[PDB]
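Chain by chain, the residues run as shown.
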Amino acid sequence: XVXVXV
Amino acid sequence: XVXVXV
Amino acid sequence: XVXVXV
Amino acid sequence: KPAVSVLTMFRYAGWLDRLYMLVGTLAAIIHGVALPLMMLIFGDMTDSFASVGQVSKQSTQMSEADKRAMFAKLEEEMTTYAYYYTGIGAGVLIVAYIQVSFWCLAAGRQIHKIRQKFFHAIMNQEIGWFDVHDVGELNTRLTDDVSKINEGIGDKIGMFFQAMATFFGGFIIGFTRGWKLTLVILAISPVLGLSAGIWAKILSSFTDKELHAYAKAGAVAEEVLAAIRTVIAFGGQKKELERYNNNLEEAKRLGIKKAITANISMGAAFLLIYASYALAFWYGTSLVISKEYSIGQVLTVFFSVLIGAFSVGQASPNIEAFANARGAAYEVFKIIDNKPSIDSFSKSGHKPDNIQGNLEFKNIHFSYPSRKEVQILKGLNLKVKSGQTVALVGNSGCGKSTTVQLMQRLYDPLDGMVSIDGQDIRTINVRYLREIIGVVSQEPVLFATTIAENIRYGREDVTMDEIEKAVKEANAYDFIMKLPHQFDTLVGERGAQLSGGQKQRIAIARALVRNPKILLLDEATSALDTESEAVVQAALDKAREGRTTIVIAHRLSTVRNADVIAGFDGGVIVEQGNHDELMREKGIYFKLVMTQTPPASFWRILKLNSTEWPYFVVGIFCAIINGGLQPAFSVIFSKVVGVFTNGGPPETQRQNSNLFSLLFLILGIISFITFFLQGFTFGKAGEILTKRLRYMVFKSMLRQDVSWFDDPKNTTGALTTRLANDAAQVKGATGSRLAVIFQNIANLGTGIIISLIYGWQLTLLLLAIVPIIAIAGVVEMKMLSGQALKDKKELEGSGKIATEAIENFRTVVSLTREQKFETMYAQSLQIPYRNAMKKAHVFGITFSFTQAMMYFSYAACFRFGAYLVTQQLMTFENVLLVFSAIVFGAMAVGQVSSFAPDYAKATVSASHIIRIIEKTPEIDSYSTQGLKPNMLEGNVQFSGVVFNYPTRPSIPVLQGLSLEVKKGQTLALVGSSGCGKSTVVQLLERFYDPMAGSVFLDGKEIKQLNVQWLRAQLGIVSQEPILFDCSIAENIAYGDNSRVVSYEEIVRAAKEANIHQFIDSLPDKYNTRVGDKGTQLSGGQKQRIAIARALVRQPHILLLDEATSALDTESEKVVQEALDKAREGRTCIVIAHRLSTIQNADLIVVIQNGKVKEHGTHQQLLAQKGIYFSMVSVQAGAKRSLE
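Protein chains in written order, with the entry's author numbering: chain D, 1 to 6; chain C, 1 to 6; chain B, 1 to 6; chain A, 30 to 626, 689 to 1278.
Take the hints with a grain of salt, since some may be wrong.
[Unchecked claim] Ranges between beta-carbon positions, derived for each pair:
1) B:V4 with A:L212: 35 to 43 Å
2) A:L308 with B:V4: 39 to 47 Å
3) A:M874 with B:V4: 24 to 32 Å
4) B:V4 with A:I348: 33 to 41 Å
5) B:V4 with A:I231: 22 to 30 Å
6) B:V4 with A:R745: 49 to 57 Å
7) A:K245 with B:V4: 32 to 40 Å
[Claimed, not checked] To list a few chain A residues with every Cβ distance to chain C over 12 Å, as calculated:
8) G378
9) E489
10) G600
Honestly, the hints are just simulated from the structure, not real lab data.
The beta-carbon is built from N, C-alpha and C at its ideal position, and this holds for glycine as well.
Isolated chain D, as found in the complex:
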């Protein structure tokens, strides 16, 4: 939830 995917 920052870039790559969380």
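Take the given structure of chain D and dock chains C, B and A to it, following the hints.
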């Protein structure tokens, strides 16, 4: 540069 | 998650 | 476990299918390659602005000169890049469509064939194969497994190859543009992915595995609610509530612990991701300063590689899909590849003409596929002449039926041969054999169509004339013609349920249309009413006369006219001949002859959480700061690449990237404090209200009365379930989701404010694009669910005609016409087939549109970002910021849609949980109102009582019952049967108030009396006493609540109950645990303990409800001794079933239909002659008989 991967 | 739809 | 070869699974794909798969996988690989090429160009764009970014800032002398070369470079470059992007868009569109369409088409085309072939295979199996298998499992296996195979060979493969293509395609560019950063990226790989996985795993915690935590309280709750009448009777509700509360108290603590740990875990994971993510970029910059790499190249490789890396995690699930699909395809193909010995779908063997019907069974040994465990037929010799009719008789084993079973060659015999005419049965074609043989069974079956159609299942080619003559020759014409719709009436399991004989007659008519040469009649007359039996018998007799016949039944009314009768013993044929001969034989036959002679607004649930004004503001303020902290990440990355792109003189750069990369991490660590907070504050907030809710629910569940607990709707399990789920569910709504949503709206809010203020009309444009692709993304999923539901409805109809076919199979095989069901199945399938063709056409367009929109949207991004915006003084660094910010906001908004179903479910689960609290009983034990009389001595006046149970207000139990019992005397109560005897005890305890009439104790009406105090004076003892898990002293002390009982007191009670023998014998003695958790005891001890419970209360009224019901031998004696010692000092009512032990009673009272019939002392009821005398005579007759 968004969230998938640019 | 409170009353309308999250 | 068991899988299937990869080439076998696609055996039904040929020509166009393989082509579709090829062109599809090709297009899929291209589609895969498409994305990393997009990111490759993204570096070239950066370089374009970078070159100008450096030169623009390097001047500080001339201005107008920079308006020429720079703008021209940007002109040609940006035009080129935009053109390329537009180029990629059309590509991804086309290839996406091709991919999904083709793969789905192949899927459909194959699955169709699979279904057809499989059902054929099912139908082609021999009966022995069915006798060993579960049909339900097989049908469900069909419908469920073929779907799995479908999910397997579907578009999932295309996605797999696409993913592999982004993987390779990503890593290829990643490597070729530079080897270092890739390895440096791979170095940090064995952490980030694991962390992301961990987070994704932790946020799946809402599903019900909480049972492990709750079960402790759940056990208490279950044993309580299962024992409700005892806790009600002894009014220990406050105690049970207390225990439950304690267990909840533990549960919540364990909860908050879990919350702390989980939040720490997630926070740490996030930190690691942040740290590596920043670190890699710092190394990047460290490589850019050395001029080894271009600033854009860094981005290119970074993003290409990370894409390529994520591709694996995103790829993995489709492997499992195909993997599961082989496994499912194993057991399916196993039926299809299987070839039987019998067939019946084969065209082979002789089809003899002019069959005279001379049957003989020669030395037949047989056993059904229970095999060696039992051999029912031990050798055999039987002949039946042409035109004759033989009748088989037997005591048991149904070896009779076996011959009918074999005569159709449902089984081939172990040893021996069955011979129709001269030829062996196994030489003649199966179908033809089945066609020449007619059959009528005990239980007739009708398939669900018109009567004509059921008569048409005898022969496909037939006219209503033949039907008419058929039913008329079965004398079924009248009964059916009286029926409406004529021949077009309905039959089956659903609708038009008819008399058995009628159905049998329809079955005989059906069999009659078959015009067979051989007739087999097994017990068709049996299991039917005597009147219609003759009606059908007439038909059966009329069904012969043109045929040779073997008949079997238990009706020796139908046997006499037979030409030959045949008796079996232990599978051994013995007696054969005409009736008189068999009667002269005086054998088995003679023996048998002689033997037989939702969503709404619920705020109050939140108002209940309002108990905590704090803990929420903290989490929201914190989560809003997190929401404001989130885009700050994007603002940095903007200025990291921004200042480096906007650098100008390089000397100042290397110092600033370090200041940023530091800060880049600083928002990281601070993200650990905030995330853990909002997660811990909301968490602890969840476990507390879960205590309040479950406590307020359970409590109010003890408030309700026996009327509510007898409801079929509410059973212990259902209550515990309702108790667990709702409380578990509301927590999820009030929990993380909310925090996340607020975090997200905050996120998009700060993001949009920043983006909006920085870029003028740059943001306004994007905000026109993003919601359209999002909504276009939601509408696609809606069509997907629609087509899914519609498809489920169509195959449901075809699966319904399959279930009908494979359930009643043993009949369809007898009538053949399996091909009929094949055809019907096919026609049923043909509609889904055409539907599946359209599916691919749609699944493609919606996919390619959402992809193309995302790529074209990206062209507008830089096209408007460049050109009109960059020709103006507005700069690139802000563009890069806005894109990040906005799409971040959106992808955060996505979670809103993702988290929608939780509240909906919670509401429904919250809808129940408030109602259950507000429901009020007719009798409430909690009310402190009531008289609480001061006078001890108890009488009991029942007067004109009428009672019907609220669950069953049909047959009344009490009608005008009237009893009187003085103090200190025993009231025996005898009855014909039922709860009439117990309803007294129930009503005295006041589990119910009677419909009409009333009942007094001290002269005061119990109805106006206090409920608790009333129940407090009662020494109830039931049949099977329930004891809760705890010290037997705690089980005994349960007799008296609101006060702790003394040891010497429970000793005295135990001494009174005569249980002391056990209690002083045990190792633990009075502290021993009972109730199956720690120890086991027989009924006697339990009962004595119940007696102790009863008389420690020192009741004025003992109530002994069939106490010796389940008991035996001396136990009854000792327990009766105790019970006898218990009474005589108190008022009591005894309903025990041992009248020999009631012989000593002050007043015996026979009940009858709710009215007292006979009453008086023993000798008086004995002086009289009537019910009681009979009651005492009959059971005394049994004791005398046992000698």
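These are the hints, each one checked on the structure:
Separation of B:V4 from A:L212 is about 50 Å and departs from the stated range, judged on CB atoms against 35 to 43 Å. A beta carbon spacing of about 42 Å between A:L308 and B:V4 agrees with the range 39 to 47 Å that was offered as a hint. Taking 24 to 32 Å as the suggested C-beta distance range, the pair A:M874 and B:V4 conforms, at roughly 25 Å. Between B:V4 and A:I348 the Cβ separation comes to about 40 Å, which falls inside the hinted range of 33 to 41 Å.
At about 27 Å, the CB distance of B:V4 to A:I231 agrees with the hint of 22 to 30 Å. Checked against the hint of 49 to 57 Å, the pair B:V4 and A:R745 passes, with Cβ atoms roughly 51 Å apart. Take A:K245 and B:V4: their Cβ atoms lie about 37 Å apart, and the range 32 to 40 Å holds. With a closest Cβ-Cβ approach of about 66 Å to chain C, A:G378 is found to remain outside the 12 Å limit, as its non-interface label requires.
The claim that A:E489 is not at the interface with chain C holds, since no C-beta of that chain comes within 12 Å of its own (minimum 60 Å). Distance check for A:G600 against chain C: the nearest CB is about 75 Å away, which clears 12 Å, and the non-interface claim stands.
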